[PDB]
Amino acid sequence: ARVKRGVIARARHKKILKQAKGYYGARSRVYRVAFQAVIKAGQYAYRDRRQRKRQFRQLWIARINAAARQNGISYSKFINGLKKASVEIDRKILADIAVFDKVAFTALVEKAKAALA
Amino acid sequence: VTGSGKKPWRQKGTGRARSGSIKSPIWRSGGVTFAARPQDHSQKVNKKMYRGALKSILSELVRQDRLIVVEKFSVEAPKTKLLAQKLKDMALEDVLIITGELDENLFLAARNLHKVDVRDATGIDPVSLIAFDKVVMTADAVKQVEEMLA
Amino acid sequence: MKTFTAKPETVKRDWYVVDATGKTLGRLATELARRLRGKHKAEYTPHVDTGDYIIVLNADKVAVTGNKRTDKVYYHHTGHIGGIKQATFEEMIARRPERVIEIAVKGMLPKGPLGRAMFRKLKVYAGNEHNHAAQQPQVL
Amino acid sequence: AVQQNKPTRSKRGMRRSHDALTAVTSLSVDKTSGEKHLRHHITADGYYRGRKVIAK
Amino acid sequence: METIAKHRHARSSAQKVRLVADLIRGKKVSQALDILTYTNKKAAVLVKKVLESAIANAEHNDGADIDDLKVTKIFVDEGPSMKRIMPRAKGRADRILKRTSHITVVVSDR
Amino acid sequence: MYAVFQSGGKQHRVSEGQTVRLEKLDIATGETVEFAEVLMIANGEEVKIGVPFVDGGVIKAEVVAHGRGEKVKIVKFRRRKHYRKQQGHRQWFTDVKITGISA
RNA sequence: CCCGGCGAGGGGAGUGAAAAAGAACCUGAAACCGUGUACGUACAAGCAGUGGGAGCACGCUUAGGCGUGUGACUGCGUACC
RNA sequence: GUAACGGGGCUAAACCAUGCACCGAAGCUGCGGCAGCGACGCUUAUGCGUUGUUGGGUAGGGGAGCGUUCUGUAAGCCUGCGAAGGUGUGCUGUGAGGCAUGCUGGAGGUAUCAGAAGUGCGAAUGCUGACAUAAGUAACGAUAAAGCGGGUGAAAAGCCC
Ligand SMILES: [Mg+2]
Ligand SMILES: [Mg+2]
Ligand SMILES: [Mg+2]
Ligand SMILES: [Mg+2]
Ligand SMILES: [Mg+2]
Ligand SMILES: [Mg+2]
Ligand SMILES: [Mg+2]
Ligand SMILES: [Mg+2]
Ligand SMILES: [Mg+2]
Ligand SMILES: [Mg+2]
Ligand SMILES: [Mg+2]
Ligand SMILES: [Mg+2]
Ligand SMILES: [Mg+2]
Ligand SMILES: [Mg+2]
Ligand SMILES: [Mg+2]
Ligand SMILES: [Mg+2]
Ligand SMILES: [Mg+2]
Numbered sequence: 001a002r003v004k005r006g007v008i009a010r011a012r013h014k015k016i017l018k019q020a021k022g023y024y025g026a027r028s029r030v031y032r033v034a035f036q037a038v039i040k041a042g043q044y045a046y047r048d049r050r051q052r053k054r055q056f057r058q059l060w061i062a063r064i065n066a067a068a069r070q071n072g073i074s075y076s077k078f079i080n081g082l083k084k085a086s087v088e089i090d091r092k093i094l095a096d097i098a099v100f101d102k103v104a105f106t107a108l109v110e111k112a113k114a115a116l117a
Numbered sequence: 052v053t054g055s056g057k058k059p060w061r062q063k064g065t066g067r068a069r070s071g072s073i074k075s076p077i078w079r080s081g082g083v084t085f086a087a088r089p090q091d092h093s094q095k096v097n098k099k100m101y102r103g104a105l106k107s108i109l110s111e112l113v114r115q116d117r118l119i120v121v122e123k124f125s126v127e128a129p130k131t132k133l134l135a136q137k138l139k140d141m142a143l144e145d146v147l148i149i150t151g152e153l154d155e156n157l158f159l160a161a162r163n164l165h166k167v168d169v170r171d172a173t174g175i176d177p178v179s180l181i182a183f184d185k186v187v188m189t190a191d192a193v194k195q196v197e198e199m200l201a
Numbered sequence: 001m002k003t004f005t006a007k008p009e010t011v012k013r014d015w016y017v018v019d020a021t022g023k024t025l026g027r028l029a030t031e032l033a034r035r036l037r038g039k040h041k042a043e044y045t046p047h048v049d050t051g052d053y054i055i056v057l058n059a060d061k062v063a064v065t066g067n068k069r070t071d072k073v074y075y076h077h078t079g080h081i082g083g084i085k086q087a088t089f090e091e092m093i094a095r096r097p098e099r100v101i102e103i104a105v106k107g108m109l110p111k112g113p114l115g116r117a118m119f120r121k122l123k124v125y126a127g128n129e130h131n132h133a134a135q136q137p138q139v140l
Numbered sequence: 001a002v003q004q005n006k007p008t009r010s011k012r013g014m015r016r017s018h019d020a021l022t023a024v025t026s027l028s029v030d031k032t033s034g035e036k037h038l039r040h041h042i043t044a045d046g047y048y049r050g051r052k053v054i055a056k
Numbered sequence: 001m002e003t004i005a006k007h008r009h010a011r012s013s014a015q016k017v018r019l020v021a022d023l024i025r026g027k028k029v030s031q032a033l034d035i036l037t038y039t040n041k042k043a044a045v046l047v048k049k050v051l052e053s054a055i056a057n058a059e060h061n062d063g064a065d066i067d068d069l070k071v072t073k074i075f076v077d078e079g080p081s082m083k084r085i086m087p088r089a090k091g092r093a094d095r096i097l098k099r100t101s102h103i104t105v106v107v108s109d110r
Numbered sequence: 001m002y003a004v005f006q007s008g009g010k011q012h013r014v015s016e017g018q019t020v021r022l023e024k025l026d027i028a029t030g031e032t033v034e035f036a037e038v039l040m041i042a043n044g045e046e047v048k049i050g051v052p053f054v055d056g057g058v059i060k061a062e063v064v065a066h067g068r069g070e071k072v073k074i075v076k077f078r079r080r081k082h083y084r085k086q087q088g089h090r091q092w093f094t095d096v097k098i099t100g101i102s103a
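Chains as they are written, first to last, in PDB author numbering: chain BQ, 1 to 117; chain BE, 52 to 201; chain BJ, 1 to 140; chain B0, 1 to 56; chain BS, 1 to 110; chain BR, 1 to 103.
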C-alpha cells in the first residue's frame with residue numbers, strides 16, 4: 001500500500017536525463033528533454049543510419065565517376081563495360097581504388113573501356 | 052476528510068483555477084480517492100476440496116516425516132526443559148515438527164521461539180503439516196479410514 | 001576498413017588559368033563550379049571541405065546565345081524598403097563585370113558556408129594576361 | 001510588455017559582459033609611499049605638502 | 001583548510017558581491033585594499049572584511065606571515081533568501097526575496 | 001598484397017588487415033578449420049600482375065584466421081507516431097574477426 | 001587563542017568513532033546558482049539533433065590505426081499533448 | 001522584392017521521334033539475427049538445424065512479462081571487516097529492468113515460489129513546496145527642496161547640539 005514512487009521515479013528520470021552531450025539548455029537539466037529531444041534522437045537515428053547506406057554510395061560513384069572519366073569513358077560507360085564478364089564484376093565501395101591503387105583503377109578502366117563492344 | 056465546507060474559490064476568473072470541494076483527491080491538504088474499507092478477505096473452500104490431498108507427506112517425506120510413536124505419557128506435569136530427552140528419540144528437535152496425539156494433556160508444554168508445536172487433536176490444517184520438517188503423526192490407532200484425523 | 005578518404009582539410013590546390021574569351025560564356029560556369037570542387041579530381045571526396053584553384057581573364061568576351069545580350073534582368077535588391085529592385089540588363093552590367101556574369105558560378109555552388117569558401121577565390125579580372133594583379137606563379 | 005519564451009540560460013550572460021567592474025590606477029605620491037588614493041596625495045594628515053585638513 | 005575565511009549570508013545578494021569579487025584574484029593579498037579600498041559598493045566593504053580576516057589567518061592557522069600569499073580563490077555562492085510581502089495595487093505584485101551571499105576567500109602560494 | 005571478396009557485403013577492401021565480417025553458422029568459438037576463401041581474390045592485385053579481374057589464373061584464396069567471433073554493439077533505434085511508440089527494440093550480430101594469412 | 005563593531009561571520013585548538021554530526025545539526029537527490037580545467041566559438045541564419053566527420057586536449061598499445069571529452073565543416077531535417 | 005523554370009543558368013541544359021547506358025525508395029536480392037504459423041530433417045515429452053511464409057498501424061480485442069510497498073517461506077540468508085537511500089562505472093536483457101562494483105552513507109535488507117495491492121505520471125488554466133525569468137529593470141508614497149560647523153561612532157546626508 002506504499003506507492004512512494006519517489007524511488008523508481010528518480011531512476012526513470014535520471015535514465016533519459018543521462019544525455020552526456022547535454023545538447024543544450026533544458027535538453028539536459030529539465031526532464032522535458034526526454035520524449036521531446038531524447039525521443040527525437042531515436043527518431044533522427046532510425047532513418048539516418050540505414051539511410052546512410054546510400055549517402056556513401058552516392059559518394060562512391062560521385063568520386064568513382066570523377067576518377068574513371070579523367071581517362072576516357074564516364075561512370076555511365078564504366079560499369080557498362082565492367083558489366084560484361086563471366087565473373088569479372090567486383091562492385092564499387094572498394095572501387096575507391098582511385099585513391100590508393102591509382103594504377104590498378106586506371107588498369108581497371110581498360111577492363112571496361114576496351115570491354116565496351 | 053475533515054472537509055468542512057463547499058467550494059469557496061470563485062470558479063470563472065481569478066486566472067488559473069477550477070476547483071470544487073476540498074476533499075478533492077488532488078488537494079495535498081487531504082481527501083483520498085476511493086478510500087478503502089475493512090472488507091472480509093476470508094474466502095471459503097468447499098468441504099470436500101478441503102480434505103482433498105493433505106497427508107501426502109507420508110510418501111513424499113518418506114525418509115523424513117511419516118513417523119508414529121506416542122504422546123510421551125511419562126512427561127512431568129508442566130516441564131519443557133527435559134523435552135529434549137524425548138526429542139532425541141528421533142534426533143529431530145528444532146527441526147520444527149508437530150505432534151498429533153489427540154489429547155490436550157501436559158504435552159502442550161512445547162513453548163519456544165518456533166520449533167515443536169503440539170496442536171495434537173482433530174483441529175489441524177496442512178499449512179502446519181507443511182510448515183514443519185517432520186510432522187510426527189504418532190497418536191497410534193487414531194489414524195483410521197477416511198477419518199484418520201489426528 | 002571504413003572506406004572514405006578522410007578530410008585532408010583541402011590539401012590539394014592545383015593552379016589554372018582559363019581564358020574567359022571563349023565561345024560558350026554561360027556554359028563555362030559549370031566547368032568552373034565543377035572544378036572548384038571535385039571534377040578532374042578523383043580522391044579528395046566532395047561534400048566535405050575541398051576545392052581547387054583556377055582563374056578567369058578578360059571575361060568581357062561573352063555574348064550568351066539568344067538575345068540574352070539584352071536580358072539577364074539582374075537586380076541586386078538591398079533590404080532598404082522605399083522600393084528597391086535594381087533591374088539592369090546583362091549588356092548594361094557587362095560594362096563592369098563585377099559581382100555578376102563572371103560571378104555566375106556563385107549561384108551554381110553549394111552555397112552557404114564551405115561552398116562559399118571557393119566563390120570569388122578564383123579571381124576574375126577583365127583584360128587577360130596584360131595586368132595580372134593576381135598570383136603569377138605556376139598555372140596551366 | 002509581454003514576454004513569450006525566456007532564454008534565461010546563456011542569454012543575459014552576454015549582457016553581463018558590459019557589467020564587469022574595472023580597476024583603478026594611481027600613485028602614492030612622495031610623502032605617502034602607498035595611499036594617495038586617486039590623484040589626491042594622502043589622507044593621514046590630509047595635505048599635498050603642508051597645512052591642509054590637520055597636518056603639522 | 002589552506003587558510004580560508006569564507007562567510008555566510010552577509011546580506012547583499014550574490015550578483016552584487018560576485019561583481020566586486022572578480023576585481024580581485026591572482027596577485028591580490030597585498031591588495032587587501034587599493035583594488036578594494038578604492039571601489040565603493042556595499043559588496044566591496046564585505047569582501048575586504050573577510051579578506052583581512054582571511055589574510056589574518058596567516059599567523060594563526062598556518063605559517064607564512066602576511067606578505068606573500070596569492071588569493072588563488074574567490075567566489076560567492078547563493079545564500080538562503082528571506083521572504084517578505086509587498087503591499088501594492090491590491091496585493092498582486094509582492095514576493096521580495098532579500099537574497100544573501102558569502103565570499104569564501106582563499107590565500108596560498110604562487 | 002591486396003585482395004577482395006563478398007559475403008554479406010564485399011567487405012574485403014583491405015589486404016589482410018584482420019577485419020570483422022559475418023558469422024560462421026552452427027556456432028562460433030575461435031580456433032579454426034582452415035577455410036580458404038574463393039578465387040574472388042582481386043588477383044591479389046598486388047605486383048606487376050594487378051589484373052583487371054579476379055579472373056586471372058585459377059585457384060587463389062586466402063585462409064581465414066578466426067581471431068574473434070563474438071561481441072555485439074547495441075543501438076536503441078525506436079520509432080513513434082503521435083498515438084504510440086514502439087520505443088523498445090534491439091537486434092544485433094557478433095561479426096567474426098579473421099586475420100587472413102596472405103593472398 | 002585570532003580576524004571583527006567586546007557585530008555577524010569565520011579560522012585554529014579541543015569533545016567525539018566521526019563536527020565531511022556544531023546546533024541551519026541524520027541520509028542529503030532534483031530544479032536553480034557559481035569557481036576551475038579540455039575543446040568548440042566574433043562573416044554566420046531556422047525544434048539545435050541525427051548521419052558523416054577533420055582537428056585539438058588527455059588515455060592507447062613493443063605501430064598496429066582504437067578509448068573519453070569537445071566538436072569545425074557537411075546530407076538531412078517545423079517540439080510533446 | 002526577381003517571385004508564373006526551385007535558383008543558377010540554358011539555343012538546345014526546349015520539344016517531337018527512336019534506341020542504349022547510368023542515377024534512383026525502408027520496393028526486391030544478398031548476409032546475419034528475432035519472433036508466430038505450415039512443412040522438412042530429424043530427433044522423436046520436448047526440442048533444435050533447414051525451409052516457405054507473416055511481422056505499418058489510431059479506437060479497440062487478445063497474449064505475455066518488469067518493477068515497487070506489504071504477507072508467508074524467514075531468529076533462514078545478507079550486513080558495522082559497513083544495510084536501505086544517493087551517486088558514478090562496467091557487464092546484461094527485445095524492453096520494462098537485472099546484477100557486480102568504486103565513492104558517499106549510517107543502519108537494516110531479503111534469492112526463491114506464492115499472496116495482496118493507496119502498484120509505475122509529462123501534461124487535467126492539476127494540489128503543496130523550492131527555485132528561475134523578466135532584472136539588478138520599475139519603484140522607494142504628495143514638488144513644504146535644504147546648507148554648514150561640532151558630538152558621538154567601526155561608519156553620519158538622515159541620530160544629539
Ligand atoms: Mg554528379
Ligand atoms: Mg453553500
Ligand atoms: Mg499562467
Ligand atoms: Mg489525509
Ligand atoms: Mg465448514
Ligand atoms: Mg542544399
Ligand atoms: Mg546533513
Ligand atoms: Mg571563424
Ligand atoms: Mg556518427
Ligand atoms: Mg544500374
Ligand atoms: Mg536502398
Ligand atoms: Mg504490429
Ligand atoms: Mg524498505
Ligand atoms: Mg500524457
Ligand atoms: Mg527592460
Ligand atoms: Mg530605463
Ligand atoms: Mg518619502
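Among the hints, erroneous ones may be present.
[To be verified] Computed footprint of chain BR on chain BQ; a stretch qualifies when at least three of its residues, placed anywhere within it, have a C-beta under 8 Å from a C-beta of chain BR:
id, region
1, 15-22
2, 27-34
3, 45-51
4, 56-64
5, 79-92
[As the list claims (entries may be wrong)] The following residues of chain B0 were derived to be distant from chain BS, with all beta-carbon distances above 10 Å:
id, residue
6, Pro7
7, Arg15
8, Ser17
9, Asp19
10, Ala20
11, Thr22
12, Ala23
13, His37
14, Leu38
15, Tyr48
16, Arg51
[What the hints assert, rightly or not] Straight line, CA to CA, 27 Å or less: simulated DSS-like cross-link-like pairs of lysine-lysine:
id, chain 1, residue 1, chain 2, residue 2
17, BQ, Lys92, BR, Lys24
18, BE, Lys58, BS, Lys49
19, BQ, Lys83, BR, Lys60
20, BJ, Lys7, BQ, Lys53
21, BQ, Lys53, BJ, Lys39
22, BS, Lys49, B0, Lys36
23, BR, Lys10, BQ, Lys102
24, BR, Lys76, BQ, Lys83
25, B0, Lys36, BQ, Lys40
26, BJ, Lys2, BR, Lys85
27, BR, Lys60, BQ, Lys53
28, BR, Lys24, BJ, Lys111
29, BR, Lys73, BQ, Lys111
30, BJ, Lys39, BQ, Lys102
31, BR, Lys81, BQ, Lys21
32, BQ, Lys21, BQ, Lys4
33, BJ, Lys2, BR, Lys81
34, BR, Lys60, BQ, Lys111
35, BQ, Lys18, BR, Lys24
36, BR, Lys76, BQ, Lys21
37, BR, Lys10, BQ, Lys53
38, BQ, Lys92, BJ, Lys123
39, BE, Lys166, BE, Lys123
40, BJ, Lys111, BQ, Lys77
Think of the hints as simulated: they come from the structure by calculation, not from any bench.
For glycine and all other residues, C-beta sits at the position ideal for the given N, C-alpha and C.
Hints violated by the structure (listed by number, smallest first): 1, 2, 4, 9, 10, 11, 12, 13, 14, 18, 24, 25, 26, 27, 28, 29, 32, 33, 35, 38, 40
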